[PDB]
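Have a look below at one chain only, the form solved without this ligand, in structure tokens format.
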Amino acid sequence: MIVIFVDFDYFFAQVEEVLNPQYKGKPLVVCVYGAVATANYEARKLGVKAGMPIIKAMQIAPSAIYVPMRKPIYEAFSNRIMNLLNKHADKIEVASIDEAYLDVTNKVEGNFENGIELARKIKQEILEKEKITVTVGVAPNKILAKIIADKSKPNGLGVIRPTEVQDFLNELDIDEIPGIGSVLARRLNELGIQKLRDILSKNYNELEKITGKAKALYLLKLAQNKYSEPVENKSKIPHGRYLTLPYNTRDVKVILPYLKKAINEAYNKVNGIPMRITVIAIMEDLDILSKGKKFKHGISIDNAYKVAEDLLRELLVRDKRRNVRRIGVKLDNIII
């Protein structure tokens, strides 16, 4: 398997800089309501990092611009670029607006050197046609392609050939294993294991008592290099809309038209078929009821109306007391 993984570099801020060239070179930070969304690198070198209150941002980065978040344009860019990547790939799994996994194995016919050259070609094209720069990792499975991409930011072309895999898998701190953030890392680092391969010479059972059977297994077959969940033709990008009701009703014969309109425009922002539908509702006190059903086969818009109606009715059966103010729908797990 040859997996080329593409992650867009500080995306939002860069869509900005492309749109406003006079942002390029001076700190530019993007906001969500207020807190930091993305942030370019001239702004990074000053202590500006995602999720922090704009407060700290300004106090440590005063020469910085501060724009609001225009998501629709970013989604425009990510859409154009995903379509770029869809042409050089045999299979593509869209993980987010930011990132894609391409199985390009038949495209370079099993030849890793040709895969690397292809990644080069991809970068060149993305930057030529949309002035955007990406950080790429090339590897035999998804996880390593990613680990080497995150290790190759910014504007990088990371690389782990089959020859290198085992070696890499050795020298690899536990905290650099996606799915282990800060606390599990602290525990294992403080309870024995410092690096991935150290997991092998343990008792496994009392590793599950720290992580859970699943994630422990995953850590194994990764330490064993027995990992190869393949690249699926899917988008994990959520698509859905919320609509406010005239008053605070609690009656399906009023909500239904508003839910059916939420669905229609969620089912229109999506190319492909969803495997999950989630009905969401903001109650009187803004309390939110989330409730979704999964479908191994795709869900048609027509059957989506009925399934949603049932999800809703089931929600209102869960509440009985309060009424509904807003109505919402999310469509997930998308086959393409």
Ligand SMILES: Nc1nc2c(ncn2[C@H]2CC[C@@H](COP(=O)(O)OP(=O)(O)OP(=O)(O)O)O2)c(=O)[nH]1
Second form
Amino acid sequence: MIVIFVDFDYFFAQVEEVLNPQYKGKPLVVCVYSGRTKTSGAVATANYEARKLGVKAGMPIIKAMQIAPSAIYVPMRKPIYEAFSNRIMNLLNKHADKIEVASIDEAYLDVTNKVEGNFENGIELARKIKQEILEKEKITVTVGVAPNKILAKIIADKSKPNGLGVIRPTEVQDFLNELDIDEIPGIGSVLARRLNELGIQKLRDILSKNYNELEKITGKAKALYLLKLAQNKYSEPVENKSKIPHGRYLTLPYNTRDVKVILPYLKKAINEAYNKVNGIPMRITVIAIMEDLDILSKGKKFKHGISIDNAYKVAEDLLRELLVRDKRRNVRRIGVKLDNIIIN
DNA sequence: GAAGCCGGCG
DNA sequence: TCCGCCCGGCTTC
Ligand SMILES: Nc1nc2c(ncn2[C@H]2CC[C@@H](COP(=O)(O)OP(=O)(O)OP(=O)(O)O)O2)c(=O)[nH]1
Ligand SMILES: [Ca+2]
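Starting from the form solved without this ligand, produce the coordinates for the form deposited with this ligand bound.
Next comes the full complex, and the chain you just saw is listed first.
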């Protein structure tokens, strides 16, 4: 198992820098707004000059200006960032036996057969990938090379920005021993707080505690996952799937409960969603906003995926099922979501 | 099966 | 130390 994890450096801001080179070297902030009850905005991405002045993602925009008065504040343009992401993902495509797209800026590559099981050529490949993405798209990325997915990510994370993390087969055991508990994917701040207040600060501190004492705080799946990881037993493979969802939402001319009216609009959302997709989804979800604006949704999974034609029937049903769950209340806006896409 | 609560993520 | 046509795990009825 040779995994190369690729993560695009401050992606949205970096794209803005490429389109307008005048921002390069100046503090830049990409802003995301909301048209809900309040119209206020927040930080989506800050470049490193902004991050250096203390600007972080999710920071309310008002606050970011307090600490970065000198920064340039721009609106978010998803479609462009998506186009970039699309292009770069394709470049990676031809460098991997198997490729898993995790998000708009994160991919995992299995390169084991590519580099003939030789870990050194694997590192050489990562360097090539870095170099190519920079030359083709003028985007700098951070990569992580490791025997499994989770390590490959965890080391890239320690190597940002424009870095190249490497954990070799022989370094693994020590690395697990070395690892702080909160540094591990799946453990947010809240879980860490609770784990530290029970004597666990490092990954190897799990071994001494009994599985039941752990579960109580952890859950079920995480406990198991932690156990295997600490013992270096984790090795979930890289799959040919994209974790990025694609959806279309359409407003109705007026509020209704009538399927014959809603369907033509659902059918259109489905069409537009399937055009955005480059594979076969394994889940369809019908989302419906009611008069009082609250959300009602429901999906179905398909082991072997759903094709465009067969989605009309299923989506229709899901809609009826939503209308049987909420009787005597009209819809306003419908949408469909497609995820768990199988690639290639 | 499914509503709702909670931690985590992008 | 913030929001999501959020999203999955888990607990509960
Ligand atoms: N509201 C909010 N949005 C966030 C937050 N973190 C990320 N986002 C959204 C906006 C940008 C997008 C990508 O963020 P990422 O951290 O995945 O990636 P990045 O911007 O390249 O930075 P990095 O390389 O450090 O991960 O997801 C957050 O804490 N709050
Ligand atoms: Ca990134």
